Amino acid sequence: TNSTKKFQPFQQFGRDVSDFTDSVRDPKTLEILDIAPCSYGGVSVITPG
Amino acid sequence: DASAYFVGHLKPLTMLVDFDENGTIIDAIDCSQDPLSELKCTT
Ligand SMILES: *[C@@H]1O[C@H](CO)[C@@H](O)[C@H](O)[C@H]1NC(C)=O
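Those sequence lines, one after another, are chains V and S. Note that the working numbering has the first sequence beginning at 1, numbered continuously upward. Note that the working numbering has the second sequence beginning at 1, numbered continuously upward.
Derived by calculation from the structure, the hints in this document are not laboratory data. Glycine included, each C-beta is placed from N, C-alpha and C at the ideal position.
Partial selection, computed: residues in chain V whose CB lies under 10 Å from chain S: (1) 5; (2) 6; (3) 7; (4) 8; (5) 11; (6) 14.
For reference, chain V alone in the conformation it holds in the complex:
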């Protein structure tokens, strides 16, 4: 997804507290993006037996 941050010319990657890379700069068109997994939320199955 489109991001909002911007950093120095000598910086390419940014990481989270858990050292997960969440910000990447596209090398062709100089824009900043954001990554997030599409596995999210909790499910629960109810069975009568």
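Assemble chain S with the ligand onto chain V, guided by the hints.
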């Protein structure tokens, strides 16, 4: 005219750094200089 320069030497130390929401370094505390900064390094 007359000018002056200052020269210091580097030492191996342990640093505590903090960044703001733009990644700019705004403060730094070195340990081993006084007990309060040692407490801040520990905590
Ligand atoms: C961070 O960047 C924004 C946009 O350039 C700027 O307005 C702001 O003063 C900067 N600093 C902080 C502490 O938000």
